[PDB]
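Q: Based on the provided sequences and hints, a complete structural model is requested.
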Amino acid sequence: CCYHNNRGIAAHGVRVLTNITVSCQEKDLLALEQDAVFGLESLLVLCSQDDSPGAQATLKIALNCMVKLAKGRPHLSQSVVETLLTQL
Amino acid sequence: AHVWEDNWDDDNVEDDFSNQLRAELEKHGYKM
Amino acid sequence: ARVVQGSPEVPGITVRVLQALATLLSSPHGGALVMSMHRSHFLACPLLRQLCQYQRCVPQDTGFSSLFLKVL
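Residue numbers (the authors' numbering), protein chains in the order written: chain G, 351 to 438; chain 0, 36 to 67; chain A, 1389 to 1460.
Derived by calculation from the structure, the hints in this document are not laboratory data. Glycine included, each C-beta is placed from N, C-alpha and C at the ideal position. Mixed in with the good hints, there may be bad ones.
Label pairs and their in silico Cβ distance ranges [stated by the list, open to error]: (1) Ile359 (chain G) x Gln1407 (chain A): 27 to 37 Å; (2) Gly1394 (chain A) x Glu61 (chain 0): 47 to 57 Å; (3) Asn356 (chain G) x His1417 (chain A): 16 to 26 Å.
Once the Cα atoms are required to be at most 30 Å apart in a straight line, the calculated BS3-like pairs of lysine-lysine come out as [said to hold, decoys possible]: (4) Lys1458 (chain A) x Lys410 (chain G); (5) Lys377 (chain G) x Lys1458 (chain A); (6) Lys410 (chain G) x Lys421 (chain G); (7) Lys1458 (chain A) x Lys418 (chain G); (8) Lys421 (chain G) x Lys1458 (chain A); (9) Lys421 (chain G) x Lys377 (chain G); (10) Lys377 (chain G) x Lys418 (chain G).
A: Right under this line is the structure:
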């Protein structure tokens, strides 16, 4: 559901993946971290060029997930910020 | 549903003093 | 640079790191142009390049896509 066509279901899925990443630190989840960060930028390049209030809410949800993901795991964070500059 | 919690500049977070400041300050629209 | 995009699709399938981001930024710009219908004849060339790359070496590309980089 993070790799789904609809924007809102993608936002909910990337929230779920971000929340799994920020939460409990078992080893055999760390690969999802990589998936997580790519998911954000993928969703971002879907919801940047749309200019609709639903897409604006998707921007809100995605950027809140970006902040929380960079907050929980700082070693992803640098990759996080550089991807953001690309869509800037 | 807000990204930045310590944002000074939201849609409507402007107190009264800033409200009359904006009212008398946006009208001129020129800066040197 | 349609031939350059077709060549880098196999390199992107092998190892992309940052080239996949450039490809995604190029494709969604064409998608936004097609939303405005501003003569966006760029997705068909990438689709033909992807079809040719799939027809060249289907199994190695499929294994790299479904094993190494599922996200991209």
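Q: All hints, please: hold or fail.
A: Results of checking the hints against the structure:
no.	hint	verdict
1	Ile359 (chain G) x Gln1407 (chain A): 27 to 37 Å	holds (28 Å)
2	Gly1394 (chain A) x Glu61 (chain 0): 47 to 57 Å	holds (53 Å)
3	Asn356 (chain G) x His1417 (chain A): 16 to 26 Å	holds (21 Å)
4	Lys1458 (chain A) x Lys410 (chain G)	holds (26 Å)
5	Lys377 (chain G) x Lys1458 (chain A)	holds (20 Å)
6	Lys410 (chain G) x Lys421 (chain G)	holds (16 Å)
7	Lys1458 (chain A) x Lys418 (chain G)	holds (23 Å)
8	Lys421 (chain G) x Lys1458 (chain A)	holds (25 Å)
9	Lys421 (chain G) x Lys377 (chain G)	holds (19 Å)
10	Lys377 (chain G) x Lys418 (chain G)	holds (20 Å)
Going through the hint list in order, the structure satisfies each hint without exception.
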